[PDB]
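**Student:** Residue-level listing of the chains:
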Amino acid sequence: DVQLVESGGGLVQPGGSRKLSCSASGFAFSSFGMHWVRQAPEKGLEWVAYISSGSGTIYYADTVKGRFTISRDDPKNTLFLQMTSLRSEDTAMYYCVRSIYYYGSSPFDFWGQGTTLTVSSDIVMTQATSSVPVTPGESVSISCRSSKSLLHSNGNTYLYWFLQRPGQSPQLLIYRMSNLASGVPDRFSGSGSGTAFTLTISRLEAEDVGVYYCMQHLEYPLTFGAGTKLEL
Amino acid sequence: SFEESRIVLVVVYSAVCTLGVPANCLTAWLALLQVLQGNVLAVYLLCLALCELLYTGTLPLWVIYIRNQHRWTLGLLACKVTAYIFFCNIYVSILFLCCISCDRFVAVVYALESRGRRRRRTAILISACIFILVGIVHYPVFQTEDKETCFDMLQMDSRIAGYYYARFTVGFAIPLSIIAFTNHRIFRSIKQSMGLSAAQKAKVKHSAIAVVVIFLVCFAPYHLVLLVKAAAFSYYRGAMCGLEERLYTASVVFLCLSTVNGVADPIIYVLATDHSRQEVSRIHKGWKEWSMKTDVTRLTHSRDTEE
Amino acid sequence: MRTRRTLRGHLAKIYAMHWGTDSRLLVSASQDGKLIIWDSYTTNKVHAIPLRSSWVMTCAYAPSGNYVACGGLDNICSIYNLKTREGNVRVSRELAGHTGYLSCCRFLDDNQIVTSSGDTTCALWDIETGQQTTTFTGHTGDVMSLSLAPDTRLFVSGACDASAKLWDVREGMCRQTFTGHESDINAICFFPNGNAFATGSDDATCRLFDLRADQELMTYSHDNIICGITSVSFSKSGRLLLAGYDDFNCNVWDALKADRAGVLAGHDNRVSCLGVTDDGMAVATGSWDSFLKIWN
Amino acid sequence: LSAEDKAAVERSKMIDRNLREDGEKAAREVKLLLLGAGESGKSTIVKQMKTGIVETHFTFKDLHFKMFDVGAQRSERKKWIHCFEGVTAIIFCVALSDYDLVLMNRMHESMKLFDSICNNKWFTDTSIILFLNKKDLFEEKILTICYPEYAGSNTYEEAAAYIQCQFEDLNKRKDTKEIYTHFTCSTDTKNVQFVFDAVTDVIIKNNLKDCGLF
Amino acid sequence: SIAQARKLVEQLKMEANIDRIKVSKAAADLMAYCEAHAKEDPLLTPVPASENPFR
Ligand SMILES: CCCCCCCCCCCCCCCC(=O)NCC(=O)O
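Protein chains in written order, with the deposited numbering: chain H, 1 to 120, 124 to 235; chain R, 37 to 274, 278 to 346; chain B, 45 to 340; chain A, 5 to 54, 182 to 234, 240 to 278, 283 to 354; chain C, 8 to 62.
Think of the hints as simulated: they come from the structure by calculation, not from any bench.
Be aware that a few hints might be false.
[To be verified] With a cut-off of at most 20 Å between alpha-carbon atoms, the simulated SDA-like pairs for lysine to any residue come out as follows:
1) A/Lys-209 - A/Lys-29
2) A/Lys-29 - B/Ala-193
3) H/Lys-65 - H/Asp-125
4) B/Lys-337 - C/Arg-62
5) A/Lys-197 - R/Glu-149
So here's chain H without its partners, still in its complex pose:
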């Protein structure tokens, strides 16, 4: 179907620079929007950079301004991102992301394997508790608690929820509060109000284990919850 393989995630000298790129094949990257998402080695996904399909709009994060750069290549059909001045915070397991954008599109649907890089205001969203012991077959609930309401003036919120399996590539479960993703069972279903949001996990079994995440798209800042382990 689609292939996203990062190139050369290794050791970087502190404060240096190193070329990192996700090799791509098998999709219309020319018509697709791209993202990069970091993962600190213990806890926490958050967004890094976004390059548009037409390479016209470039948006970075608070620690991504200037010192990180982005670029692409359409005939070879891959994506580059250059990072300079790397430190302990800058070290993360970065994920190459593709994300198509229109009405009903499912952005952040696929990922790579990761960039293993080790050296040597903002909307606040937090999931309520980061560790829930469960049983394979009983229903549980987890809630990402934002700080401001997510409901746009047009009446439709934008809010995406994610499942990371234990030590492998994550998935997207439900996008914009009402729509389930492909390849995802109907037992997972999000819920909540326009300001408060909560998941309705029903009849879980032994592959739903791992950390769970929120994400929004009403404001460009994401800074979603740090995660929630769902332990057996």
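Here the structure of chain H is known, so what remains is to put chains R, B, A and C with the ligand in place on it, guided by the hints.
**Tutor:** Just chains R, B, A and C with the ligand, lined up with the frame of chain H:
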């Protein structure tokens, strides 16, 4: 003598302008509606309208304000603006008819190349580049001192006369060669074609000799009077008042015929092209239809009422 | 009754539009050779489908929204998957079983696809096999348009017959014979009751029918209406009949009385297509002027 | 008004950029309409140029050509003839030696097709180019079978002059268009030279139609 | 073309089982359909600007 000739001249300037103005306004409106369909000549007639009548229609306003006998109540800034408008209008009108004829030549012989280059974006880029080139050419006119008079400054100093000769060479003689070259190339590229008949050839030849000869016999003797007063003033810097009086009379009457040609450029355009006959006929029909001068239905109702 | 938004955004000769199931998206077909899925609110296109054959005269958006069908006079019917995993639009399978020109293709279902073609017949096609499960025949002339029921079980088609014939999709049987047209049927629409339908044609009259009655209920004719009808559509509540004409303008008649209810005089060029949203919220007009405009 | 809206704007602009480039690429191609009947020499014209309709694409000098062979449509012509309204030229091919064949001679009924296609309101100003076929055997055979009203010699040159003129004389409302009759020997080297000069004669008129002067 | 009329005319005799309703009751189906969907018809009952999304 000089005062009565000038006042009767500005009176007939006002008369010529009153006979001229609705033609310029209607050609502006026709160009604006023709811009809706993508055409290089449409936007070129639009910017010809944008450089037409701005000084021409406002000239009788100052004429009926006062018959100017070199009286200067203003702070000279507005008159320098009017001099810039008129000189730049002459330069853009001449070089713009040159480049529309260049487009006609490149489209009648290099028909494969032209339709790629006949994008209206290329048209607006060329119009902007010609406008900024005319601005650079007109910059030393603003930088000239001895700004007592706006019409011409060849009387006192000969260095600014050399500046005027430089502007003459860069903006009159070269576009004359350009228009002659490209119009005669239109001539040969059409007389080497068989898909046109004699009526096509005759109509294009007559319209093209018409625009060339009106441009010649109006603007070219103005160039002649400019060069002859430059030469005479360079000789006799030191009957000087009488000779400059007669040169002033020649200059103002040559300005009258040049303004007649400038206001006649859309008139000659509409009396040359048959699409103008079709569009002016439907414009007349729409004017009557939305002005309600027929009133035939209300006449039917009226003869229904009285009986 | 006035234009709220105008979409435009094409190149040349827009032939057909079909409203999406979301009541926001619409598909625009053009003789250029490019198929565009539009969005009404943001006025920005969401998909561009290149065409192997430039000659198209009909388009189809599935009521599921997953698939889009486009055909042409090539005798080859193409159904495209919008939501591919790769993200491109790819034709699922070529469909060449007719001998004429594919005048109209619609979506009964994802698997069952109805196409009216110019081989004097209509056939029910499956994407999985590419063969005709049922073939509907009996029209003298070449079929140009069809109108599905909301149940998608009993549909009618019109040809160069001055007549319309219903069809039963399961057993491949003509259901009703509707006659009363004077000229060739340009377009036909179905009353979303599923019990009636009305049709207009080049004879400058729109005619109201009922499927079970098989009789003309009443005729919509006017003296100034000499130009022919090339598009018809209804309201979700009746009391209305959207109808595009050969006078370069649409018109609106009441479904019961047909007075001069709504005058729709926007397009400069001949209105090629006209459709009503599935919730009935808006009127969509399309024409060969490369213009798309929607009123309310 | 967020990342989703900004990204949607970029995709909706990138699509329009690719659309504009494809339209400018497509506009250079010359559209030609062939209306070849049975035994019109479709094989001959496609060789000399070298279920639905066939689209041939050929390049002459620096100008491409896309001719759309509408063959075996077996349908009413009026429902799809307006699809080719923007086509610059209409190519006609007629055999000349089949005047001894009545299925109502084929020559007479082929004139009616030309008569209908000339007087149509869609093609008010479209240049009409007609080509001929099997003229050599027409000389070999020939008059009384098809056109006894000529009432003259069986000389081929005068007979060909009679047939081509009366075929051209069928024009009644094409006074905007121009009938470009060419006597196709069916063995001549490049009869696209007739087409190239005729299509550039259209193009010379086409520019002079847009210069204002005609 | 004598055999061309066969499949044309066999189409007519398989159509003889025409189902029947009353044309006044057929027009009753028209009017009774109106008030069922009249609450969301934005042409005769146009939606106000809060419920109108076309602004
Ligand atoms: C324009 C070139 C022809 C020379 C003009 C001669 C006309 C005589 C006018 C005398 C009045 C002088 C008023 C000052 C403004 C002006 O135009 N001076 C020209 C001059 O001093 O000759």
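**Student:** Against each hint, give a clear statement of whether it holds in the structure.
**Tutor:** Going down the list of hints, with the structure as the test:
1. Taking the CA atoms of A/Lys-209 and A/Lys-29, the gap is near 30 Å; set against the 20 Å cutoff, the hint is violated.
2. Distance check on the hinted pair: A/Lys-29 and B/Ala-193 sit about 42 Å apart at the alpha-carbon level, beyond 20 Å; violated.
3. Of the pairs offered as hints, the one joining H/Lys-65 and H/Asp-125 holds, with about 15 Å between alpha carbons and a cut-off of 20 Å not exceeded.
4. Of the pairs offered as hints, the one joining B/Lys-337 and C/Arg-62 holds, with about 14 Å between alpha carbons and a cut-off of 20 Å not exceeded.
5. Of the supplied pair hints, the one linking A/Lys-197 and R/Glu-149 holds, its CA atoms being roughly 19 Å apart against a limit of 20 Å.
In summary, the numbered hints that this structure violates are 1 and 2.
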